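Enquirer: Take a look at the letters that make up each chain.
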Amino acid sequence: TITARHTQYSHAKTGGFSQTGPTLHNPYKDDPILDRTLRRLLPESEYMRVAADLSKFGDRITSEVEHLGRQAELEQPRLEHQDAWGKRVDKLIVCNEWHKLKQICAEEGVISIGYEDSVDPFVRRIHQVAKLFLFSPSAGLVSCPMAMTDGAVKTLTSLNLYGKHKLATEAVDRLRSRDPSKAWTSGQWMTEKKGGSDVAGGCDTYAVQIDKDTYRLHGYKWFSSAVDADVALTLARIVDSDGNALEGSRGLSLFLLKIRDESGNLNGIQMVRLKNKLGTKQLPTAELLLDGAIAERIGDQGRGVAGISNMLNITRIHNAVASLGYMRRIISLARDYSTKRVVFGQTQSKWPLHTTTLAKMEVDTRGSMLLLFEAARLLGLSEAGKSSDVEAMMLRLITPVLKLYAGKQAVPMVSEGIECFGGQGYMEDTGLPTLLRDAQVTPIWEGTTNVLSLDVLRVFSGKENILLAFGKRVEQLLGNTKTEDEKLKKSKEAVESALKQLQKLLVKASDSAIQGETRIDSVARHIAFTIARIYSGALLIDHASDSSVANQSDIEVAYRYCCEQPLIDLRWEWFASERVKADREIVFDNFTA
Amino acid sequence: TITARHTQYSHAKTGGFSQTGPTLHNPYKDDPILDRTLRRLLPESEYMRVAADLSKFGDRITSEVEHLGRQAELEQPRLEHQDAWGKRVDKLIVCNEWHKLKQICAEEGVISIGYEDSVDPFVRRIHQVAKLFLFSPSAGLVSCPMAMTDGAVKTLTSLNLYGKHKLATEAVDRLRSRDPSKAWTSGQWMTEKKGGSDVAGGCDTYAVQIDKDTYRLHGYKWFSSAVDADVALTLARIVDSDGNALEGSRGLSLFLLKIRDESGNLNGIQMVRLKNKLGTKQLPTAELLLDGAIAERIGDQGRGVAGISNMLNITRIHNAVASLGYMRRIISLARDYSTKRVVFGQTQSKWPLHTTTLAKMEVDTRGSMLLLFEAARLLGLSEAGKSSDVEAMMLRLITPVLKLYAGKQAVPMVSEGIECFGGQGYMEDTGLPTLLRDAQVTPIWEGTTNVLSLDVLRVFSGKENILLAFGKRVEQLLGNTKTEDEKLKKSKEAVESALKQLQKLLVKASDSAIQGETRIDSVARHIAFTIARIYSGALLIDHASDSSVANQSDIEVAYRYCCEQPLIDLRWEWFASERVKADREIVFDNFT
Amino acid sequence: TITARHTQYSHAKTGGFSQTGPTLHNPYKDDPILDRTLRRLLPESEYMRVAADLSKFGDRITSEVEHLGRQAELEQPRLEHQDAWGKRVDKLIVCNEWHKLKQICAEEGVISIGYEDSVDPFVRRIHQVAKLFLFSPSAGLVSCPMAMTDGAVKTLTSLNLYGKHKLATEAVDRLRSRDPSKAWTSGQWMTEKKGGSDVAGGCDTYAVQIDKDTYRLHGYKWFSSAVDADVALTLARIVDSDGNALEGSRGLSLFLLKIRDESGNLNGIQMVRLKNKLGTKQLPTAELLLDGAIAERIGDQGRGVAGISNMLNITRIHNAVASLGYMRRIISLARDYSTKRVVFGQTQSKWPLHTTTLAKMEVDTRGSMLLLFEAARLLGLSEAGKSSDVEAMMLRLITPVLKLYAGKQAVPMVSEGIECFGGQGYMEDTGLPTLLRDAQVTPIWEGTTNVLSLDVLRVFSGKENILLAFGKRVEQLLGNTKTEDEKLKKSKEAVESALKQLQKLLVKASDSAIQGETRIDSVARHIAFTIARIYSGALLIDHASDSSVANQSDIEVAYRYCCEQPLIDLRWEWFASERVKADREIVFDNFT
Ligand SMILES: Cc1cc2nc3c(=O)[nH]c(=O)nc-3n(C[C@H](O)[C@H](O)[C@H](O)COP(=O)(O)OP(=O)(O)OC[C@H]3O[C@@H](n4cnc5c(N)ncnc54)[C@H](O)[C@@H]3O)c2cc1C
Ligand SMILES: Cc1cc2nc3c(=O)[nH]c(=O)nc-3n(C[C@H](O)[C@H](O)[C@H](O)COP(=O)(O)OP(=O)(O)OC[C@H]3O[C@@H](n4cnc5c(N)ncnc54)[C@H](O)[C@@H]3O)c2cc1C
Ligand SMILES: Cc1cc2nc3c(=O)[nH]c(=O)nc-3n(C[C@H](O)[C@H](O)[C@H](O)COP(=O)(O)OP(=O)(O)OC[C@H]3O[C@@H](n4cnc5c(N)ncnc54)[C@H](O)[C@@H]3O)c2cc1C
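Residue numbers (the authors' numbering), protein chains in the order written: chain B, 19 to 611; chain A, 19 to 610; chain A', 19 to 610. A prime marks a further copy of an entry chain.
There could be a bad hint or two in this list.
[Claimed, not checked] Sample of chain A residues with no beta-carbon within 10 Å of chain B, all distances over it, derived:
| no. | residue |
| --- | --- |
| 1 | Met66 |
| 2 | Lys118 |
| 3 | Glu314 |
| 4 | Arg476 |
[Said to hold, decoys possible] Straight-line Cα separation of at most 30 Å, DSBU-like style, residue types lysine-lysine; simulated pairs:
| no. | chain 1 | residue 1 | chain 2 | residue 2 |
| --- | --- | --- | --- | --- |
| 5 | B | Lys358 | A | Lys599 |
| 6 | B | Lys505 | A | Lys599 |
| 7 | A' | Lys518 | A' | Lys47 |
Note that these hints are calculated values from the structure, not bench results. Even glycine gets a Cβ: it sits at the ideal position worked out from N, Cα and C.
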């Protein structure tokens, strides 16, 4: 009979308060412009169908995909070179959610949709891009094999192999399949140690003929993402019968291989290690040593870079989607959080300074958003055989410009976004820093900002009059400006003036370069930034002029995008070659030689 | 007898090539502007002493500290609530290299130099900040307790407690010590669940009087870094004899406590958990449950906020140091890499696009670097009693401005830097991403960009003196311009034009009728950025114009900073209340 | 044009050789004695049903479960106190394969089979234990909640609560279900800091009446496994209306609770931490702080201990299953390996020393295996109402004996087994060490070897009936001996001689004068081992003597078990009180 001690067992008191975090709303319904943009680009019959599918998928993002993608971050891939008995197996361990995510992509047709023969090509790419844009920031980086997979189908089909070449026909069918138990994905192994940007100088993989169009590959692939994929595309240097190869782009042939034989065993490949990455941690990225890998030559010998170009538009568009996804997502989470976090006696949402900051992020995102859907429209026209000459040229211009500009927007924007949450933004267990770490891949891979900026110049250097064509496209967009609204008129005038300046500078540049004292490369980024802003601005304007869909916000946005920041930031003197000498004196001041 | 099988055992061949990564060079010698800046600011005999100490420390950084900081990232702090036998212990497990870093801070006087009696305060804060600046990007986040440590010293001293108050006097003395065996660090525990930033409205810790000036604390600290520190400052509401307290700022009193007791046992504190952080992973940051932690009140009752205000200038300066450290570091690594990485047949260093990219990063860095040293200058003066009115006012203005601007430059700059490395910049095992993850703390803690922008507005609202003095300071800097140089001249004009326009807009927004339709808080960031750019611009001109040290890069950077990006980005129509409504519509379009 | 470099990219060569590891064969078909034992014990039509179900499950074990169990070791449970936003949640993170294992338990009726109304209880517990035995070494410790689950069913039923008590009836029904979507598991939270084993003196949990039969619990559970269960049984002291309670066994009442509420939220419970365990790493074991956990009292007030006593037989049987599972498993793997590993020019299987080592392990395993099935037999009989006096008494005696003996055989046996593999037996990635680390739980939990040895003594002290009945049971087994066989005959004699000597020593120790100078607790283990060996011996003889099933190995094993190691290791002089003094001196020599 002692005194009871119930009182001596008691949970810790912590004050009662804890902050409610942000809510992810249905990302199709909650998106500011996506639905409206679709109202305008698609025909009525197709809009209903597409909206319904996307809106439903929105609900799957919130109830299922988000959680899956999160788990893929929490349970990262591993590699075991060996089993326990001394046997080399290169076992890749990836979590169930990654696999489930690949299956949802199949079921949801994230690839299929972009190729469905019963649907108009222009419709389907716009549907697909909208779907990828809902998926991407919840994807746990399954978005990356989706991109390479789309790019693979694209490449194999542009080379006219589907129906004719055994493995490519099978690949195409499987890569496009909506059957989760049949569907394939693809990798893409271009980057090597000596160069990634530079494939003609970097690639030291060699192909020895076994028989006919079947070769052995031997080389080292320095980044190879999604090694759980079923097939891959890669470049290599065919070895002629005297044991020799060609340097440069002219040495490179293109090959398709199955990653694993029918026994589940690696096909002449050893995984040297998995990368330890700032972000995309969900994604297994390996270094590969090829040593006898059996592969099939596709496309013409020495025509390897040409072969894979066929997919540029694709991959880059997907990359842009990712960038934009991160941007939209942080805004979406931020603004929601803004209705719940009390500071100095009211919700963040009430403080002018807070809304100013977010509004500017909105403005910039909308611009690029519409640039993205222009790209998707254009790709689709091109795939239908219905491109005007101008639309064909715009497709070639817009893709690198889009990838690099959205690319460069993304980290600063997402960085600003997480700061909206204060300290919480910085805590990995909220899910928010993932968005930053993963966003930062987007300006780096598939071409850095500056390498793509050169690609933009190389688009110009090819020469049907890209620039004139750029001019006409802009003019079309400006032609139905609601000039009666004072702000849209001013906007139209800003875009117009900027276009006119850019033309003048590039005309000037083009003349002066034989004289030696002019280096257009040096300002390639500013050039590419300018095109993006002009193009994006024109689209916002056209968008805000459709009063069947436009609201007031659309008008404010067009105005702010066009007139409250420079459309062109580019000066003649930055072209001067002397400028380059000044550049290096600055950079290399006191550098220890 | 059998055929040998030496051929069957063979390492893998992987092609012979692998890329040389970047070299970290002596960061005092390699820095493009730090030596020249010190040359101008210090009298020659102090410069010589200071340079030699830093040059040497540069070597210690490449030979030792860098590696130490890297290891503190590779071996992150852990926390164990219980020992194995049911005992609550809260064991904080932190790697040896963290500890070693703390001792190097003592050995190298990273705190001491700033308070050395026998050196002039001017000299000494310049020297200190320079040293803090070399240290910071190699510190594995030991930079953070150093900041909190310096702030603690400043706070304790400014309250006139040295000599009088036993614990604060022991604290000051140990926080400043060069003896690794004795030196102390401090934490600072303000932030709680309901508010960081907003401490007046978010602080829900309570202090019950034990005897005279000794209290027990009960509350929950939501972020508390360097829980391996020895002392900490913190705020709490004293509970009266009806068992009641005061809401708002007026309730809060400031307290000093020892973290652990003579026994190594936590003083009424539990560690609930360590934070899982994007960056500053080296640094142990915990949540703390205070339940009878024994603490000495310092400063006056209900004057807790004022009390810790004395340390702002210093904390903020340290923060800016961090930002700039990352900026300088990435540029330094990248430039080096650029002489080693071949792309299309040449090293990156020969591609104009690549150096265009870098030059612009350099330009912006230098502007802020000088801004940093002007703050250091102004702080040292303040502490010597020699400040003019102008200079006293500039210390108040520059500190929040500097922190927020450098803070907001840092992530986009470091992001661009890691992109110079291509895919390798994205690999954690290079050490490069750490720079970015760690840089991202800087615009967030100790006030977000926008919160500090509001502070900037408080500094000058509605006190016309502050901006006129900014005016005067700018003119002092510009009056030295080598106007013979066309670029410096245009530069000067640009600064003039911008300063003017700024002053006009703020006068106009001050108009007591204009105000109904006018929200200046809305553009607080633009305002603060403009101040930043104008100040920094002017400082770059002054620097370029000193012929005893400047070179041609100096002129060129000054020209670019001032004339090739707007110094003022601020329009009258952005002050309109109506605009706010438009902002909201844009932001909450389709919001569900 | 350049010279190709295909020769410069080449995998490493490592000599061509690597050892084939062991194969897990269908563990029902491969088992040397399980099928024959079932053949003898079950009527043919039940055997046929049972074998087919097990044979099939054998395949499911090699094709699926094994891999699942391995994964539950590779992906250990984790616990998160807080979510990211300051909320206390106690999230238990356990791998998919654990969950999958639990569903296979439901699908395969690992609990259901033991309670199936339409099958005879005799049959069904034999079938169940057989199934438990195939499952156990592949279960990734899901075996543990299965034991606690079966014990819960038995307890709830034996208290005559099925039909009457709402929660217990729902519980019983869900614990027995084959529907993965509905099936439940149970925990059992007895052990506290002051005592496991000693619950009467160590339980410091308190139950305050809410209403009628519903109470709130406040206390600290020091070990609580399978916190992913749905319900749990536990003991606590009811607090009276003076706010007082009863020390000792009499205070304790037994309670039934739901672990989480309709919302998935813990019922007044926090998880303080998960244990870091030598083995059973698959299994989530936590320490629990009960603070207002809502619970239904079941059984009578102060009858908590009696209440849970009904489940001992069953829990103990499950434990022995585990021990034997590990023993069988290692032997099975090792023998296989032995047909694949060449040492000095032959497979290990051809080296007599190697097979001598294994034979002795086999001999001992089989003895205990039969002991296990005799327990199963006796349990099923008890539950059918058909037990003779002898058989009722043998159930009580055999259960602690079986658990402790198998428990003490297991680590040294599995240790010898892993040594058969040489260095590979010491490698975690083979899966083999898991066997040893997991086996080591078995002599420790649910009573240590010595604590259960004291229970064995309680079973028979001072109740002369129990040993006479052991006597009778042994004679029943021996009366069937094929005495025509010289080995079985000698065997029989050995058992006789030993049983006799045992009975004499215990009579002698019972002498009320002898007792002053006599400590029987001192030799409790020897006593219990002797009972074990005698019982098992006799069972091996009986088995060997059934010509319809036995083979020559059976005879030989029986002979070796009985005649090649002492069945009794127990001398009269070890009972002496004086001896105790000598024991202490030896043990505490130079103790400081
Ligand atoms: C790694 C780390 C370690 C830390 N360590 C410590 C430590 O040791 N000690 C300590 O005291 N603190 C520490 N902190 C606290 C840090 O200072 C806070 O996180 C900071 O106050 C940011 O605010 P918050 O976290 O309370 O978020 P909140 O202030 O809730 O939200 C910030 C957001 O609200 C906005 N906002 C707030 N007020 C206004 C306004 N009036 N007008 C417009 N917008 C507004 C901001 O602009 C920002 O977007 C740490 C933080 C981090 C990330
Ligand atoms: C997470 C991740 C996953 C990846 N997965 C894959 C994959 O599955 N398959 C694959 O093939 N690749 C993959 N990559 C590789 C990626 O495409 C390369 O990183 C990219 O090609 C850049 O190449 P690099 O890393 O060699 O950069 P480098 O080109 O060595 O360096 C880039 C820097 O050099 C500058 N530069 C380069 N050329 C020029 C020039 N001509 N003029 C001026 N400046 C120039 C760039 O602007 C940039 O600053 C991956 C990368 C990452 C980060
Ligand atoms: C992995 C694991 C999980 C567990 N999970 C649970 C669970 O879910 N629920 C639960 O209730 N319990 C659980 N237990 C508790 C387990 O039954 C106890 O650990 C057990 O009671 C052993 O005793 P103890 O831990 O209290 O040690 P103690 O009993 O303090 O010490 C045991 C030692 O004392 C000796 N000893 C004790 N009494 C005597 C005596 N009278 N004479 C001579 N020697 C004596 C024993 O022989 C032994 O040497 C778990 C244990 C483990 C290891």
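Enquirer: Hint by hint, which ones does this structure get wrong, listed from lowest number up?
Expert: Hint check: 7 fails alone, others pass.
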